[PDB]
Every structure is written in structure tokens, then in C-alpha cells.
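One chain comes next, on its own, written as C-alpha cells: the form deposited in one PDB entry.
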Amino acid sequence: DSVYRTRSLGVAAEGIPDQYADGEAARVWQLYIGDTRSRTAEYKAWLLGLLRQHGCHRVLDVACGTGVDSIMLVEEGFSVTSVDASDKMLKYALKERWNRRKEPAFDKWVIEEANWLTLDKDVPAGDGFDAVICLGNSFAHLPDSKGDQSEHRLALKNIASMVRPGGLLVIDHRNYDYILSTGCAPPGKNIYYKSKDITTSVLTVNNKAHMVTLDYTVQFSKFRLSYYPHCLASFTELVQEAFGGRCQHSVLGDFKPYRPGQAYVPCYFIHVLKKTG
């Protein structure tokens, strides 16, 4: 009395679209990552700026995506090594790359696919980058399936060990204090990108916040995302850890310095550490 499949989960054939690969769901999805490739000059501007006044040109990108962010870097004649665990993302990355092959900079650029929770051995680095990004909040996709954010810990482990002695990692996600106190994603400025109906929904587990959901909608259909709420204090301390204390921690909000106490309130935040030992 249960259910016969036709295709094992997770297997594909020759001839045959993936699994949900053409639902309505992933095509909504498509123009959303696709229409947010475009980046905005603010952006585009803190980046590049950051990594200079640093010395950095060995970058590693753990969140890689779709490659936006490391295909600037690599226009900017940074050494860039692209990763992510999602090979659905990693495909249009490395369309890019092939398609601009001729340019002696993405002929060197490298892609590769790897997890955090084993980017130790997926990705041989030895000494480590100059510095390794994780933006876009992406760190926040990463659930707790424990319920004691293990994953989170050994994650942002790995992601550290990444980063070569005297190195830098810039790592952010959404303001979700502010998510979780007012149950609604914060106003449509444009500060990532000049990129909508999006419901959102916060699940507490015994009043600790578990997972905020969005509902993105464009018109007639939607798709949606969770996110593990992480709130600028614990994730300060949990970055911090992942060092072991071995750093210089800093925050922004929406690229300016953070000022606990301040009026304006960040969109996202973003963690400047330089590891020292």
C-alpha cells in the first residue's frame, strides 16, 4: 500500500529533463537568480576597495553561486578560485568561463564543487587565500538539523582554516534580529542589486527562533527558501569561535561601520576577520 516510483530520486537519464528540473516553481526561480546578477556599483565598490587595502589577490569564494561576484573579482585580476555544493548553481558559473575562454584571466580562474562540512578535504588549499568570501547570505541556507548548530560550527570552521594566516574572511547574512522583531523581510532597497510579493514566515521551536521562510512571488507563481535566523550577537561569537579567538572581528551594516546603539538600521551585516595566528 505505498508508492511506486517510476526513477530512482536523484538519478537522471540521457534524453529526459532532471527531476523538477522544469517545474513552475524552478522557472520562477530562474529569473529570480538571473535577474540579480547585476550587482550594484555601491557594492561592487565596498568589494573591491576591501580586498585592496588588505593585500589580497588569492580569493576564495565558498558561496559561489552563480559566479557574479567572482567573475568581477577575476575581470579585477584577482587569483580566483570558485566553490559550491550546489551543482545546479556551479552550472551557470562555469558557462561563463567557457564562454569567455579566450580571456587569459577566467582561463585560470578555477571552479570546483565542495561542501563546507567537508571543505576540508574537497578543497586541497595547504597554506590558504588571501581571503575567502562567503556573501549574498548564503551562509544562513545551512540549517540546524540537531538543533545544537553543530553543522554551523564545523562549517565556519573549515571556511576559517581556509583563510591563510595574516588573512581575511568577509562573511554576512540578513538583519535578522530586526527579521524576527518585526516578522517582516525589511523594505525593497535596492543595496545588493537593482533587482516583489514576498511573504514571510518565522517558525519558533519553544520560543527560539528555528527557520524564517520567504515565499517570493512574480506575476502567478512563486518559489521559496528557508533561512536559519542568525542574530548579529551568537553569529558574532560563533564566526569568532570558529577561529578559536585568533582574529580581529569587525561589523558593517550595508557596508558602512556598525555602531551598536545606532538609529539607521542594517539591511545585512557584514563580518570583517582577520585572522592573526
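Numbering follows the first chain given and starts at 1. Definition used throughout: the rigid core is the maximal C-alpha set that superposes within 1.5 Å between two forms. Compared with the form deposited in another entry:
- Taking the core as reference between these two forms, the lone member of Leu238, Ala209, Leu252, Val28 whose Cα moves by 2 Å or more is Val28.
- The two forms, fitted on the rigid core, differ between these two forms by 2 Å or more at the CA of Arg37.
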The other form holds:
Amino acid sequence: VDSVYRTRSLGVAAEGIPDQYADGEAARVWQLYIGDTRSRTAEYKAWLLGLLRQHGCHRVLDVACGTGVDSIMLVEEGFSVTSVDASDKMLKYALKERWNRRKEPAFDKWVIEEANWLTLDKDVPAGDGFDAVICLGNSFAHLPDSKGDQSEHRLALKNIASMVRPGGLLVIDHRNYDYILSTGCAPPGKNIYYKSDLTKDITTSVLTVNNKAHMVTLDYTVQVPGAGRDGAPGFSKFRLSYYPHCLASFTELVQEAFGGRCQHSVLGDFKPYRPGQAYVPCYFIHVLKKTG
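Could you output the structure for the form deposited in another entry, given that the previous block was the form deposited in one PDB entry?
Only one chain is given; partner chains and other molecules are left out.
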């Protein structure tokens, strides 16, 4: 940048806290999108639990709470979890669940609050920090690169990492965009995080600005059970936008978030991942262990 900036300000304000779930439709049918939460959680439940235990983790912070899917599981499995999320439309359901099982000592001590990765540091006073932090379900990819540089990405990734107690863990994932970008289309159905026969369609939309992948927009079509007598089925339609993080780049990004003081590894779909391997994962789970 030339010269010095003394008077920035903003004469035009178009965008502003853009909560993609503010409309509320995605939340209303998330359950329908996920399908059988038990069937979903069945996969990687063993791995996540095993990993958490192997590193003696008891305090877990879920920064992508959503409707509570994984927070709930960790709660049931005896962990001390606190869940945050920026969308009060989503949290609204996790809360609903907690209240429903408010008579279970475990759930009584479940913490659910609103927070944003961009301002996590101030939203969730980590203090000593957590034994483990989780960002599953392709949540981070929602963060856009509006500023031109992945600054936002870096900041958010930093704050999140800042919640990991030394020797703690960070499990953050993202869709396999190395494939979506290559084929223009996102994998059809049979997803480990979202496996519901209710989801009738997912239309991709890749936007490369000046020859560089800038954004992937998915348009979902989830059939709301019923929505019309026999002969007329009804559906719900919502759209979500993600930054297509290529594996290599994220690996670098996330690692940098820890200032290199960490141990990085990545699995395909919670299975070991070696480039060139036959199996093409739909998600890439990054496992980081802070050391200093």
C-alpha cells in the first residue's frame, strides 16, 4: 500500500455480520440434513473418544456447536464440555436439547453460549485453556476471505488455537475441496457427517475470481417429512457458502496458527490418509497437538 492511511472509515456499509444461518431455514431442518445423529456419530465416535482419552482430555470446547450433535455425545461420554457458536438459530436447538435432559447431571453441567471465531479470545475466556477443541462438520470453511488476504482465516484459526491448553488437542476439519474444485461438483449423498435420505439435492457453485477459486456455494434441497398429502411432497431449500480450502494450504494455515509449536496430522474420513490413495475422502480431519 502506498502512502499512509490516516482516514479510513467506511462511507458504504453493505455487508455486516454475515451469519449464513440467520435466516433460520438451515437450522429448522439441520436434523433432517444430518439424518440419524446416532448413525452419524457411530463413525468416528470411537476414534474421537479414543484420541481424547489417549491424551487425557476432560475439558472440551466445541467452537462449531451447531445443534449440539458432537457436543451432546461428548457430554454423554462423561466429558466436561462447553459449546459455542455464532448462530443463535442453531444453538437454539442445542439449548432445547439440554433443557430436555436437564435432569441428567451430565447435561446440567453442559455450557452453551454464543461466540465467534473472529472474537473467540474475548467471547470465551479460555484462561487456563481446554484439553481439547473441536471444529468438525466443515464449519470453518464458512469463513470468507473478503479482506483480500486470508487475514480473517489466520485470526480465527489463531483464536481457536489459543483455546488449546499446552499438550492439548485441536480437531478441525474441512470438506475435500481439492476434489470439489477439480470436478466442480460436491460428492453426492452418503456423507459421514450428513447421511439422510431426506436430502434430495445439493447443487454446487464454484466462483473463481480472476482464475483463483474464491468460493464454493452449495444449494441444498431437503425434503421435510410430509409437507403435503400423498402425491405431493414438500421440500426446504437453503444455501451455504464456503471458502474452498485446498488441503496443503489448510495444513500450512492451521499449523501456523500454533506458531509451529504443535504436532500435525490429517486423516481422510477418520482413516489414515496418504496422497494418491485409492479412497477419496469427503472430509479432511486435521489433528493438532499443541506442545508449547
